[PDB]
Each structure stands twice: as structure tokens, then as C-alpha cells.
Amino acid sequence: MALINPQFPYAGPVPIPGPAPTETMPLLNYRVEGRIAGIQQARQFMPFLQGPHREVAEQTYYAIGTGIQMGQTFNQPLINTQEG
Amino acid sequence: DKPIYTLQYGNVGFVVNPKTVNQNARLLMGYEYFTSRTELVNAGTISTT
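These protein sequence lines are chains A and B, in that order.
Using full-length UniProt numbering, count along the first sequence one by one with no gaps and you end on 84.
Using full-length UniProt numbering, count along the second sequence one by one with no gaps and you end on 395.
In case anyone wonders, no lab produced these hints; they're calculated from the structure.
Treat the hints with care, as some may be off.
Here are the in silico distance ranges between beta carbons for each label pair [stated by the list, open to error]:
(1) B/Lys-365 x A/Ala-2: 39 to 45 angstroms
(2) A/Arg-35 x B/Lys-365: 49 to 55 angstroms
(3) B/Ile-392 x A/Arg-31: 24 to 30 angstroms
(4) B/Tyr-351 x A/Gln-7: 43 to 49 angstroms
Selected chain B positions facing chain A (Cβ under 10 angstroms, derived; list incomplete) [to be verified]:
(5) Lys-365
(6) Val-367
(7) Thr-384
Here a beta-carbon is modelled for each residue, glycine too, at the ideal position from N, C-alpha and C.
Between the sequences and the hints, there should be enough to build the whole structure, so can you do that?
What follows is the structure, encoded as C-alpha cells:
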């Protein structure tokens with residue numbers, strides 16, 4: 001967006017020496033076929049386990065029984081003959 | 347950031363203009379680069395596993 005100087009104008013570009021025209025043109029680089037080499041193993045001996053863990057520990061229980069329940073020799077009360 | 351790739355820039359050279367050259371004087375270059383050379387098989391899995 002330059003302003004044209006009317007007192008000192010200039011013309012378009014003139015030819016100048018050039019950079020040997022084939023040396024600015026590249027070759028198209030020619031890929032050969034390739035292979036991810038080797039026979040891959042199916043599994044890996046991992047350093048960490050792959051499953052979930054638990055944040056807190058919960059107390060577990062198992063039921064037990066008591067035993068054969070016996071009789072008893074109670075201390076027996078007195079007879080309510082109007083004193084009680 | 348802009349790797350020297352002649353597919354991108356055409357022919358590129360490295361220039362040294364020496365001032366004093368003694369006898370048995372050599373220039374020891376050292377490069378570091380990438381190169382691709384495509385592939386068609388990612389396989390190699392034992393099917394009897």
C-alpha cells in the first residue's frame with residue numbers, strides 16, 4: 001500500500017543473475033518397502049498389576065457356634081406368705 | 347525448528363572460508379538427522395499362542 005512518488009517513480013523489476021535453475025528443483029525421494037522387524041511376543045511380564053486395588057480394608061467375619069447349653073442350680077426365692 | 351530438507355529447500359550446502367590452512371588440514375563434519383523409508387507390514391505375531 002505504498003504511495004507512488006510522481007517526482008521519482010521507478011519501473012518494474014529487471015532481470016538479474018540467477019541461481020542455476022536445476023539446483024532449485026529437488027528430487028522426489030524414492031521410498032523403499034519396510035517392515036516392523038521380528039516376531040512379537042504375545043504377552044509381557046509387567047512390573048505392575050493390571051487390576052484394581054482397595055483404598056481401605058474392611059473387617060471380615062465368620063460365624064461360630066457356642067456349645068451345648070446346660071442347666072443350672074438357681075438360688076430359689078422364698079414363699080410369698082405375705083412377707084414380700 | 348526448520349530442519350535442512352532438500353525436498354523443501356532445494357540444494358543446501360555448508361560453507362567454510364578459511365584464512366590460514368596448514369598441512370594435513372581437514373574439516374570434520376558431524377550430522378544429526380531423520381530418515382523415513384516407509385513400511386507396509388506391522389505384523390509378526392505368532393498365531394499359535
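Status of the hints after comparison with the structure:
no.: 1; hint: B/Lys-365 x A/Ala-2: 39 to 45 angstroms; result: holds (43 angstroms)
no.: 2; hint: A/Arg-35 x B/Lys-365: 49 to 55 angstroms; result: holds (50 angstroms)
no.: 3; hint: B/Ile-392 x A/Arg-31: 24 to 30 angstroms; result: holds (29 angstroms)
no.: 4; hint: B/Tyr-351 x A/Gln-7: 43 to 49 angstroms; result: holds (47 angstroms)
no.: 5; hint: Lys-365; result: violated (27 angstroms)
no.: 6; hint: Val-367; result: violated (27 angstroms)
no.: 7; hint: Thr-384; result: holds (4 angstroms)
Checked against the numbered hints given earlier, the structure breaks hints 5, 6 and satisfies all the rest.
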